[PDB]
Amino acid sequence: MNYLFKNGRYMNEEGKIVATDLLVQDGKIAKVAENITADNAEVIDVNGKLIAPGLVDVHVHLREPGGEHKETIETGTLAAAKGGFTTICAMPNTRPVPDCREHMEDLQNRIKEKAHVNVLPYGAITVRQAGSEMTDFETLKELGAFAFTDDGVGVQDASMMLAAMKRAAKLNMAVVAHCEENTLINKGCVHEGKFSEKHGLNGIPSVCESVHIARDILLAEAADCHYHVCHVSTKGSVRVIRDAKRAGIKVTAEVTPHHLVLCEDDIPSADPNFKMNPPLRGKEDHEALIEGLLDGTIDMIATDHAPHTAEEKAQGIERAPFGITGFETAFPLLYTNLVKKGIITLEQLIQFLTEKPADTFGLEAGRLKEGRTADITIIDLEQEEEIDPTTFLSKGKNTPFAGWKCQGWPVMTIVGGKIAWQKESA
């Protein structure tokens, strides 16, 4: 192959947007500079649009194998590419769960078979995520497992978490966690606050999350293991982590797009498209997440793509499941209400979805360096458009942003030099 994008905008190594061109030879960034003269490659003028490295989503739910109806590896991967992602990481909460050799192989096959984008599989912590027996971290490690977690549910037994961190630490890997203390769930369907108080609905207190994060941080320090927190959502959660990094403990965390733009006060009514775990909490918590993202307490942004079908979200929020699709929303949504809003610079948004996510886990990605795989995404910052689940490539159309008008939409994604997705008029 041999491409060469002309007249575009990109972020240099100093973290500043400067107009340049980009050459692609043999699925690898051949040359990055201005007026890259290469009279031997098909020209693709981006007319000043944004040229950036493929987005890195470290928290996704492809559903396959298990509920291939909610989503599929090829469909979920296609939408992902539409959102600009070139590397995603599927969670192990699928049935069967990647808790052994045979399962990790069967999953690793479906990927290299029907997956339009890079898919690093998450290794489970306990078999069938029952949390009573630890899996063979060595095997999964060999079978190219990204990291270990029981996402969807939390590791209730403390001694299991300590053991898991010791072993993971030896294998030089991370333990990702869905922090949630069951005895505190109070079987809520939203956040325990103003909203749950007005609609007479059970709410989930913040402590249900913060308590586990606090516990894991000590275990992590005791095992000297890289600990990463999933979708932070409370003021106390950010604090506990901030005190942690201040002590020099290897801890990292992420925050979802919806937890950065919406809080409880934004839920119009008992609408299932606003129900997810963790839920949208107070504005006090919202401000905390934003403050944590700006001071370093929060290391990266992850969508936590949780696709579902309308038939399921159809029933009351109490019966309805937790989860919101986010692949095709992520960037445009964040560029309009965050960057364009002033909260953060364009340079930071990109980093929070490319180099920062990659470094936290040691991945040769999220960077437009010469010699690296050609994982690129072209973005139109000018054109304004409304979010319409009708046009989503993902089977999951469960989104609360239906109608919202944004900018910064991915128009073309390149996975390994090969185009994985194109808009339809660029």
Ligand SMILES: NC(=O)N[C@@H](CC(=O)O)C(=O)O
Given for the second form:
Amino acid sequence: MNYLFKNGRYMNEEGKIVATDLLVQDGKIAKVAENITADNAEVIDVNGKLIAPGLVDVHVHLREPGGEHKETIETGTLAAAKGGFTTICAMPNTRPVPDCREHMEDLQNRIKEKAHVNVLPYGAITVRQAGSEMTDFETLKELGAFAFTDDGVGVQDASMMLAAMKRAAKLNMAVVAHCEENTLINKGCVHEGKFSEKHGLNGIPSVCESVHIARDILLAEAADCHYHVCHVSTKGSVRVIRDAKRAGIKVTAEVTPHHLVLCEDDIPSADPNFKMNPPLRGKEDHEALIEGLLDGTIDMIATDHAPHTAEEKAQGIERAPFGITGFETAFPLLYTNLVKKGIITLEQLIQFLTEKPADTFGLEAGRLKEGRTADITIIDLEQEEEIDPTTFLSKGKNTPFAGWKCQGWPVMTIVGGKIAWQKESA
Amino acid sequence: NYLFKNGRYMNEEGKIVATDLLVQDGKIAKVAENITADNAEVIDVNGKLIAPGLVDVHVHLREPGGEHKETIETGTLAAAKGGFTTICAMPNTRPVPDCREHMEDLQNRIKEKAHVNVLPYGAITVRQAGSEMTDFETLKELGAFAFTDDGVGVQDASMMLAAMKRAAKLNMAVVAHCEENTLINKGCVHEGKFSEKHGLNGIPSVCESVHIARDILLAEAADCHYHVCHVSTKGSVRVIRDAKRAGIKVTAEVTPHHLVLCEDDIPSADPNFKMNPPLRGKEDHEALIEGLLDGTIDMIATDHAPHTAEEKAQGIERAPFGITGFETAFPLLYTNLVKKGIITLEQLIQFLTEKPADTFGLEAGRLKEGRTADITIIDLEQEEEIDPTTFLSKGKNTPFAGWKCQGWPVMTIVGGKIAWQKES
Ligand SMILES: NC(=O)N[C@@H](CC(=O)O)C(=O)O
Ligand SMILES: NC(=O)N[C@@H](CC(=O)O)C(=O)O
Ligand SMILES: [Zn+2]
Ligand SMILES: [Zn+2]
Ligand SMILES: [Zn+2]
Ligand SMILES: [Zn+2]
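Structure of the form solved in complex with N-carbamoyl-L-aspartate (previous: the form solved without N-carbamoyl-L-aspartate):
Then the entire complex follows, led off by the chain already shown.
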């Protein structure tokens, strides 16, 4: 069947947001213009809501296989659709780790069988993320590996990271890095700053992240490889990436919503829902991440959706696991706390979640263009609504933003024509 | 009491002009043209350069443990001959100066038979093994210049951070040999065209540069003065330039051999061209010259590293890293940088005198009334081939044999006393 979206707003290819209609035909965008007639094709009026390209999240944890209790392929992808995401990229810290033909074939069938949105899985850099033996990069590429990473842990051996970037550069693929120097962790559960001093906890210093970024940038220059930094969080990290870019090194980076909104000062007490890796760092680190997003240093926004069960987070700040849920809070939080505050325009918030991540990794996605697959999401900017964990489709209810009033909520989400999710009132 | 007549020198302005110099009680008494003093021994220099005593912050005297390679006596006598009045001895000896007993023993040998001023470095970790930190407070007290594990890299990042916090509290420098051990690749030379041609294992550039980049950030966090030993890569200069614009207290040095040579100049698998870091690519060499000019590299230091002829005869894979540097330093730099107009004579002098002294907080390297008379007289006119058979250093291991140079020291004074003059 067909669809015709009418009386809606959208971001044009120049920059501005203007009002147009949109025609879908056979899972592809037929026409995009103001006033278009279409018989034998169902009409859907949107009342001035934003017709946005389906959002692209390059940093996600679906947890299955191994941790199906935290999240499953179906629940996560359904929850992702609720956030307006049509293309997500699942990280490889699972049991089994996708480190060979057997595991990547298994993973790719589960996606084919029971995924409401497009899922592109990461291959591991090393086998079982143990960091002593590299995976078969050529085999993983054949079976549709998005890129290479050991997200969860860092690659501690510099020679291994160099060897990985050489192999990756030959295959025209990216090395994506969780940057963490293990000797500098100091058993930390939070940032080493005002909060760690106050509550007498051990802290993770900023240099734990930034020394690896600095290292890898040089290795990536030597290899002629595309290097991408996972969730940046320090002022020093942003500086070294800015320096690298001025020298014309193929380096990119991302930042999370929670890092773009919160810092150590916003943590009310020892609350495990404020505990993630990297942690919420200082006021000056926060201001640098904002400044980095604005000047082109930080290329995109990625959620690092990290679901956990309530009972795991229930125990104390020191014992609880790192991470927060993110799909369902992403666009509302950033429209409310950045766009409405005049920190960034709406045009930019869309671009950071669609065409920027797509362009970085070479995807045909995140653009409402005639000819492309019809991956669309409809967003209501008017209705104020408080974020409620009890009404989350995701099995991970670990969030710090409960009770926060927000606008900019996705109401419908479309995946190649097939409607995957809609809000209860349209 | 000496009176040096009819010489030329670098004034506090910048130009080089005629002057005399009067020395009394081991101090510079006057620096004006046409001095008179009836009961002082006259020394006419005939238009030669009166320079302040040269300062080298990177030296290997080998005693204790390496007596066959060099001694305190022979090493400092070679320094005197090269124009150097203050040298800084590195701590890769046997035993290592890593505690009270070893450091006092080192200072006693210096006091007993050094011909020039020797400021000994202290180790960061015990035996340079990288697992246990030395007592920085005690080593400072007993006269440590700065802290380094030179020879090896500090592989543990938490150790270097801890060391920098400790050194920052005492207002002292962490000086670093930057070498990431997983990237060495069993190399004897640079990984490039030369290693490719002769079928040799090569040390890539990133082996050096990844440590500098790491250390810079650790030094920002610890608010510490951090100094880079013998810089040798394009990317190493870049990261240091980036740090200095950010306001970080990082400084760096370069060797005379890395300023004059690169991989394309190695004629064969000759162990006299084997040092650490190695002689890298054409574009690395250009970036070191570029860095010296823009202020990214603060100084020149020889890394005088003497070895026996028999040790170097073993072949390029088994022979030890390092070349002798004291006796060829100023001649090479003057002939290959100043004559060719790459730097001025003002600059070359400052790179070997007032730059290292100011960077590390030493009253040295300036011709100034009241200061101790650490002086050297340099012949800028006379050409002379570099001949290792005439070297006073036990280290004859050099690649510059037969190179015709100008700018040879002919006399070197240390606190009023003549430590060396040209016996010919
Ligand atoms: N997002 C997080 O805080 N943690 C990640 C792993 C990691 O980032 O180390 C997770 O998957 O739990
Ligand atoms: N500079 C050298 O080539 N060698 C030095 C120490 C070192 O740099 O490894 C030595 O002590 O021999
Ligand atoms: Zn991570
Ligand atoms: Zn992650
Ligand atoms: Zn060294
Ligand atoms: Zn050395």
